Each structure stands twice: as structure tokens, then as C-alpha cells.
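To begin, one chain is listed below as C-alpha cells, in the form deposited without acetyl coenzyme *A.
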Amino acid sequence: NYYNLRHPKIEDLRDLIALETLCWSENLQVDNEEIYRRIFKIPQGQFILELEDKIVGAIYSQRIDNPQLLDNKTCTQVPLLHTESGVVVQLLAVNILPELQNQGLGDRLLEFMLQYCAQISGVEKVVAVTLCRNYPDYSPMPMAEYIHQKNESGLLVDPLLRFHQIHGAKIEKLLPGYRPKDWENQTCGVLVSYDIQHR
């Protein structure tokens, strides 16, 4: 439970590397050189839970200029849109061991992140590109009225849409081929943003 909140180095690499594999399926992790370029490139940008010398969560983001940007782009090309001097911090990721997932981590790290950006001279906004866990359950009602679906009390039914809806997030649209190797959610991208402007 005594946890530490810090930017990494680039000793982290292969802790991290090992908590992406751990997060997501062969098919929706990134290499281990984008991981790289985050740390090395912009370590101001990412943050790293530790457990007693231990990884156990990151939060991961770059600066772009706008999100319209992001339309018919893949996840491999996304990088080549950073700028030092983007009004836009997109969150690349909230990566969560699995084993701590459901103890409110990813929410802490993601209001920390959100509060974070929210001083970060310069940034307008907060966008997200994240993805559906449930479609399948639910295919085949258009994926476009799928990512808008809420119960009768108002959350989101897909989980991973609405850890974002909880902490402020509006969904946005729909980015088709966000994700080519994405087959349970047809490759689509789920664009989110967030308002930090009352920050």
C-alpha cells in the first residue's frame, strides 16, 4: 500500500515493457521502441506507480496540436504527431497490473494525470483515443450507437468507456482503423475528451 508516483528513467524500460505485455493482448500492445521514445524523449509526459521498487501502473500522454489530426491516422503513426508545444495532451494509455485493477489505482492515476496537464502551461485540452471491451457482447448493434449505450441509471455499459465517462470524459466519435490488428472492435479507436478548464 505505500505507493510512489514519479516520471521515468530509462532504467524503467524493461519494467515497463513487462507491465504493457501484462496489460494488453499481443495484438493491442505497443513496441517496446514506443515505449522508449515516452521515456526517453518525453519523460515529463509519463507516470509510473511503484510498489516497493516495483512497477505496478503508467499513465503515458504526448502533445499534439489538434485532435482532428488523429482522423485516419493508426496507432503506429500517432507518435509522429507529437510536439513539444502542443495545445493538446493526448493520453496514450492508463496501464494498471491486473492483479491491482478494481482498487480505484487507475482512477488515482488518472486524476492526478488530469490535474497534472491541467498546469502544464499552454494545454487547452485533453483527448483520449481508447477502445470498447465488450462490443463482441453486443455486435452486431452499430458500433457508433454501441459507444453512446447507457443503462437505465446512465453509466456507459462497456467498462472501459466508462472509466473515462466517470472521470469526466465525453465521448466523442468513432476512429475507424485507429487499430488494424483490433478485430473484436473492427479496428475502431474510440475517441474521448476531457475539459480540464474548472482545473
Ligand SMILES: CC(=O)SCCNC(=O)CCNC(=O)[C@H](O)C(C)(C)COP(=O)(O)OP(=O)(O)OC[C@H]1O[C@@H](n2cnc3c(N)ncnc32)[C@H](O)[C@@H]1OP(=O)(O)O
The other form holds:
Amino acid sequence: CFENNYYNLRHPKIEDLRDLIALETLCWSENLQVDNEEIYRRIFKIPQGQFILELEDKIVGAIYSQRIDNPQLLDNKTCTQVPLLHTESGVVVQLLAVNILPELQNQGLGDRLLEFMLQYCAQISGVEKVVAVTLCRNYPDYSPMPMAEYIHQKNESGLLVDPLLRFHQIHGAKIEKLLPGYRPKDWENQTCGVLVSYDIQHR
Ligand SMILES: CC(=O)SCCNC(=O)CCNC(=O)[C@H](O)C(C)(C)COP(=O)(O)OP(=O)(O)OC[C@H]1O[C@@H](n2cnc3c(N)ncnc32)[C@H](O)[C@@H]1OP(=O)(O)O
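Could the form solved in complex with acetyl coenzyme *A be shown next, to go alongside the form deposited without acetyl coenzyme *A?
Every component of the complex follows; first up is the chain already shown.
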């Protein structure tokens, strides 16, 4: 059936801190969670570049971003370094994370949330480009196939075999390259992140 659920989308406020930390725990393994302070930075320093999804009173989803000068600055950086790259006047929007409560996944929420973010970023003055550093979910199934080949592996159909990459693909993302050592604690992906970009010139 068609859900018919009352969803609200707004910028975070400081009061949302505890609920957003809770949301991080439920969506990601301990190795992939960002720490309490990074959540705080995002909602304190840059409320404009974040969105909270609420169902009733409850926070059920979040999408995070910051502004950087260019995607080259991401070469040879770990994820705990990226917060340092933020500049107020950065021409590139780096989407940092998308969080959907596991019980509410596979209902079109990720989709709707990302599309809104993309259109929201298009309308921000000065912004030329949107990039995200993602990761694979199913690589252990293809190991030891080289990841550089895995991230371009398409199915039938011509959509990417990895469901986390497909998610970006079907919203117009270009898979750019691998970012080795981006996530030190992510052994399933051999620490590698995946850089994707969005052409926003049409929106
Ligand atoms: C900003 C950044 O992206 S950087 C952060 C680092 N990580 C990332 O890059 C993002 C990682 N997260 C993801 O990509 C995940 O897919 C998530 C967390 C967004 C999943 O969120 P969801 O709300 O489940 O996404 P959504 O429901 O739109 O899509 C998931 C699948 O369900 C399908 N779906 C959509 N609506 C429905 C529905 N009503 N019923 C059943 N299935 C559905 C989609 O087609 C998709 O199918 P596929 O896996 O076969 O392609």
C-alpha cells in the first residue's frame, strides 16, 4: 500500500543532537559511525547544509553535507580529516552521509531525500559541483576481484551490481575513482572509499 505517513523535512537544531547520534548508531556499524563531535560540528557550524527527516515526533532520517574548494583535496585523506576541508565559500558541495532508519529502508526514503538535497544544492549560489565519497556493501562477495574493476561491474540492465553504488548511479552519479585509505577501519572495503560526482548544470 501507499504509506500515507506524515513526513517533515527541516534543518537540524541543537536539540536534535541526541537523536542524530542515536540514528548514527542504528544505521552504521561501529567502524563506520562518525563520532559525536562531528555530528555536533555539522549541526552547529553549518545547519544550512543538513536535513533531518521526521516521522511524527521521531527523527528517522538525515542527510549531511559541507562545502570544499575542489574534489582533488580528497586525495590521500582519511575521513577523520575531511571536516578540516570545509570552507564557507567552497564551490563544491560534499555530501558526507545519508542515514535512513533500517526498519524504514527500501520504501523510497533514501531516494526522495537525495533528490531533494541535489535540487537544494543546485539553488545554492556559488555552487558548481556536488561530490560524495561512498563505499561498497557487497565487495567481500567479489573478492579478490580488484575493486577498480568491481566499481564498474554492471548487471543486465546496465546498472551497477553494488547496491550502494547503484543508489548513486540511478540519481545521475558518475563513479569517478577509488579513494584508498579514506576509511582506515573499513576492512571489508580494504579501507577504500569511492568518489562519485553529480552534474548539476541542468537542475
Ligand atoms: C551523502 C552520501 O551519499 S555519502 C555517505 C556514504 N554512503 C553513501 O554514499 C550512501 C549509502 N546509503 C545508501 O546508498 C543506502 O542505499 C541508503 C541508506 C540510502 C538506503 O536508503 P533507502 O531509504 O532504503 O533507499 P531507497 O528505499 O530509496 O532504495 C533502496 C532500494 O529499494 C527500492 N525501493 C524504493 N521504493 C521501494 C518500495 N516502496 N518498496 C520496495 N522497494 C523500494 C529501490 O529501488 C532500491 O532498490 P535496489 O536496491 O534494488 O536498487
